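Chemist: Listed here are the chains, written in short residue letters.
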Amino acid sequence: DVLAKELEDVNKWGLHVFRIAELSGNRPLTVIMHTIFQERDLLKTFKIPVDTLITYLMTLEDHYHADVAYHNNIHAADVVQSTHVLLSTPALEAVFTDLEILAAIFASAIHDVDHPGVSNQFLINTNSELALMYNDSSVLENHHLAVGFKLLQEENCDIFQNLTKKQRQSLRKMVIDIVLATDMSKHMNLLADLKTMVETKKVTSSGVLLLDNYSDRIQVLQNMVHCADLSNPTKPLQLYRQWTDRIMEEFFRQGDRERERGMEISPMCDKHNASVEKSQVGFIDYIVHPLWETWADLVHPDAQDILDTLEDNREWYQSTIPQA
Amino acid sequence: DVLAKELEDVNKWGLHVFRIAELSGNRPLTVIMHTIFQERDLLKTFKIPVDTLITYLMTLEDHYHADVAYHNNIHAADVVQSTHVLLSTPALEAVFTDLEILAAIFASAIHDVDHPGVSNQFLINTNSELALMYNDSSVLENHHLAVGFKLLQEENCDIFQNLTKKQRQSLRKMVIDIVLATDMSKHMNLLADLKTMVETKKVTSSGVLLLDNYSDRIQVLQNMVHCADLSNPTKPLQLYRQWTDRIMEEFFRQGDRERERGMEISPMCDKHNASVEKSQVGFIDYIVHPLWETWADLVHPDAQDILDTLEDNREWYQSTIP
Ligand SMILES: COc1ccc(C2=NO[C@@H](CC(=O)N(CCO)CCO)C2)cc1OC1CCCC1
Ligand SMILES: COc1ccc(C2=NO[C@@H](CC(=O)N(CCO)CCO)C2)cc1OC1CCCC1
Ligand SMILES: [Mg+2]
Ligand SMILES: [Mg+2]
Ligand SMILES: [Mg+2]
Ligand SMILES: [Mg+2]
Ligand SMILES: [Zn+2]
Ligand SMILES: [Zn+2]
Numbered sequence: 256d257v258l259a260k261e262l263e264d265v266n267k268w269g270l271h272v273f274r275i276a277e278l279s280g281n282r283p284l285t286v287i288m289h290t291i292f293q294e295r296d297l298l299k300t301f302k303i304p305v306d307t308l309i310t311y312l313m314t315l316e317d318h319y320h321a322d323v324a325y326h327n328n329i330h331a332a333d334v335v336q337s338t339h340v341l342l343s344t345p346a347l348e349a350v351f352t353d354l355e356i357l358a359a360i361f362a363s364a365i366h367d368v369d370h371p372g373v374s375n376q377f378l379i380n381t382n383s384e385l386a387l388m389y390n391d392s393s394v395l396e397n398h399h400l401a402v403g404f405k406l407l408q409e410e411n412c413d414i415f416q417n418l419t420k421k422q423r424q425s426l427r428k429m430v431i432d433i434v435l436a437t438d439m440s441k442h443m444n445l446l447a448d449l450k451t452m453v454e455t456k457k458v459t460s461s462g463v464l465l466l467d468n469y470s471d472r473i474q475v476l477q478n479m480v481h482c483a484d485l486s487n488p489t490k491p492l493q494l495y496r497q498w499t500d501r502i503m504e505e506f507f508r509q510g511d512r513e514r515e516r517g518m519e520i521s522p523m524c525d526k527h528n529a530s531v532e533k534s535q536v537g538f539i540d541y542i543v544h545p546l547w548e549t550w551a552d553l554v555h556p557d558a559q560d561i562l563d564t565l566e567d568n569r570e571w572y573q574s575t576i577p578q579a
Numbered sequence: 256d257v258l259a260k261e262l263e264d265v266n267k268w269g270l271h272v273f274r275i276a277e278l279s280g281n282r283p284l285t286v287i288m289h290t291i292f293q294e295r296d297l298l299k300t301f302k303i304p305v306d307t308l309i310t311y312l313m314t315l316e317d318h319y320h321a322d323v324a325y326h327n328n329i330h331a332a333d334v335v336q337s338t339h340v341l342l343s344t345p346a347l348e349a350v351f352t353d354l355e356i357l358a359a360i361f362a363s364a365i366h367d368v369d370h371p372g373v374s375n376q377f378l379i380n381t382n383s384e385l386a387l388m389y390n391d392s393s394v395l396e397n398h399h400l401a402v403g404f405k406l407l408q409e410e411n412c413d414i415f416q417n418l419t420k421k422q423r424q425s426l427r428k429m430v431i432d433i434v435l436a437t438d439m440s441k442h443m444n445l446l447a448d449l450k451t452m453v454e455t456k457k458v459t460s461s462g463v464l465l466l467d468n469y470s471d472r473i474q475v476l477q478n479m480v481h482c483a484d485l486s487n488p489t490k491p492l493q494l495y496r497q498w499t500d501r502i503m504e505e506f507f508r509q510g511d512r513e514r515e516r517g518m519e520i521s522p523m524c525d526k527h528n529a530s531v532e533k534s535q536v537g538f539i540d541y542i543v544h545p546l547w548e549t550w551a552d553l554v555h556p557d558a559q560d561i562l563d564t565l566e567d568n569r570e571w572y573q574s575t576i577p
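Chains as they are written, first to last, in the deposited numbering: chain B, 256 to 579; chain A, 256 to 577.
Treat the hints with caution; some may be incorrect.
Have a look at the derived ranges for each label pair, beta carbon to beta carbon [stated by the list, open to error]:
hint: 1; chain 1: B; residue 1: 444; chain 2: A; residue 2: 343; range: 35 to 43 Å
hint: 2; chain 1: A; residue 1: 428; chain 2: B; residue 2: 457; range: 50 to 58 Å
hint: 3; chain 1: A; residue 1: 266; chain 2: B; residue 2: 352; range: 55 to 63 Å
hint: 4; chain 1: A; residue 1: 447; chain 2: B; residue 2: 517; range: 43 to 51 Å
Quick caveat, the hints were computed from the structure, so don't treat them as lab data. Built from N, CA and C at the ideal position, the CB exists for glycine as well.
Please take these sequences and the hints and turn them into a complete structure.
Modeler: Dropping the structure here:
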C-alpha cells in the first residue's frame, strides 16, 4: 500500500521516517530493518530465518520506550536507515565485507535501546543504578549494548545463529566498538583522529578508500554511525524541525526532574530559559558541522549535498536570531 | 591476644597475613583494615563511625569467596596491607592528601571483591552474564567496583556518609581509576607510562616526589596498587610459596572447567602439564621484575630491599625447576 511506496525511498537521504512510523503502526525499526536486510541480501548471505529476524526486531523495537520523545524506535530506525545510505557512498564501494556491513547496521539498530530519556551526566549525578553498574563510564552506551545483545537470547531471536564462531566473535567486537563510539564524551577524540585520517588518507585508482587494518576500518565505521546519529540537521527542514521538537521535549523533561531535585539545571534543559534557535545553531556550529565537514572531506564529493542541506538549515535557524 | 602481637608488623613488608587470617577467625581483611584506619587516623579525619566501618568491612569480607583459593579475602587483606606500607615510603612523605590515602586503601580493599576464581578471558569465552553486562571490557574489574560501591548501601555500611559531596565525587573517581588499572591487559601501558614518569622525575632536596596535578597523583596511586597486587614474589619466601600454591590451585580449577567444556586450556591452567617453578620465574622475568624495578627507580632507594628479595625469590624457583 502507501507503506510499500514510502519504503521505495529507503536508499535515499531524507526518507520520511515519521510517515513510515505512522503507517507501520509504530513499527518503523522493524520494517526499515527488514527492508534493508532484504535489499542488501543479508538474510541469504547469513542464513537468517525471516521469522527469526522479525521476532528479534519486534522485541528490540519493544525495548525502545514509547514515552521517550527523542530516543525511541523512530530515532533507531532513522539512524539505521542513515547508516544504510552512508554505507553505499561511492568512496566506500566494495571496501567493507558483508560482516562489517551487518555489524554497522545492527549496531545502529541497537545503539540507543532502552534509553531512559536522560543523559549520562544525569544518571551519574543522581546516583542511578546504571551509573553504579558501569562506574560512570559510557553508562548508557554500555547498557544499550548489553540489552541489544541480551535480547538475542529470547525465543527464536538469535539472528546470528548460522554465523561461524569466528564470525560471531568478530561481529560482537565491531558492534561494541561502534556503539561505544556514540558516547558524546568521545566526540572530540573521534573527530581529532578522523581529521588525521583524512590528512593521510589513501585511495585506489578506482577512487575508493584504502583501509588495510582493523584500526582504520573500525574507525571509519565508528564515525559513520556517529555521523548518522548526528544527522538530524542534515535532513530536509520539515524532518529536522520535528527532531528538534522531540529533543527539546526530552531535554525539558530532564530539566524538570533536575528542578524538582533542587539540582542545577543542565544546559538547554530549562524550559523557561532556553532558545531553541540559538541552541540548534550552536549544536551545528560546534558539533554537527565540524563532524560532517570532516566526513565530507573523507568521501569528497559524495556528501556535498548533505553538507549543503546542513549549511542551509543552519542559515535558516540563525535567521530569526537578532544579530549585530 | 596473640593477634595483637602479629599486627605489630602491619607496617612491615612481609606481615604474616596467613597467620592473621587464622588468629582472626578468617577475618584478615576486617582486622587489617580496622588497624590501618585507626593508625592513619582516618576515622577521625572523615568522621567514620567505628561501628559503620566494622559493619562495612565484615560485609565486604563476606563477599570475597571462601572457596576461591587465591582471589579471596586474604589476598584482599594482603593488597590493602602492602598498599599501606607503600604509602609510607619516604619518597612519598606528605605527598598525598588524606582523601587520596583513603581512596588507595579503599580501592585495594574492594579491588577483587566477588571474584569467581576465573579470568576475564574465561568469562568472555563462556559467554558469561558478566562479560555480557560489561561488553567484554575489564569485566571483573568493573564488577569489583560495582560490588564494592553497592555494599556501601547496606544497613549501617556507608563509611563515606560524612564526606562532603565533592569529596565523595573525587574519591569515587580515584577509586574507579585505581581498580580499573588492576586489569592485567593494561599492565604494559601502565608500565610504559610509569617509565615515562621515572624519566621526567621531579623531587625535592630530600628526594620527595613532586607531583603536579591529578594525572601525576593518580598515576602514582594506580601503579602503587598494581605493584601491591603483584607483590607476592617480593615477599619473604614462605609467604610467596603459599601464594604460589594458591594461585596454581585456582588456575588449575579453571583449567578443569575448560577441559570439561572441550575448550583450549589457558596458559598455566593445565594441572596435567604444568611447570609451576618455571612459570614463577617467567612471571618474575617478564612482569613482576620490570614493574618493581621501575617502581624502585621512582622511589630510589626506598624499595631496594624489596627488589633484592624479588631477585632472591626468583633464584629459589629457578633452583627448584625439576
Ligand atoms: C535535533 O537536535 C538534536 C539532535 C540530537 C542531539 C544529541 N546530542 O547528544 C546526543 C545525546 C547524547 O549523547 N547526550 C545528550 C543527552 O541525551 C550526551 C549524554 O548522554 C544526541 C542534540 C540535538 O540538539 C540538542 C537540542 C539543543 C542543542 C542540543
Ligand atoms: C604467586 O603467583 C602469582 C600471583 C598473582 C598472579 C596474577 N596474575 O595476574 C593477576 C590475575 C589476573 O589478573 N588474571 C589471571 C586470572 O586471575 C587475568 C584476569 O582476567 C594476578 C599470578 C601469579 O603467578 C601465576 C602462576 C603462573 C605464573 C603466573
Ligand atoms: Mg546514544
Ligand atoms: Mg615481631
Ligand atoms: Mg583483580
Ligand atoms: Mg609532574
Ligand atoms: Zn542515538
Ligand atoms: Zn588482586
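Chemist: Check each numbered hint from earlier against the structure, then list the numbers of those it violates in ascending order.
Modeler: 2
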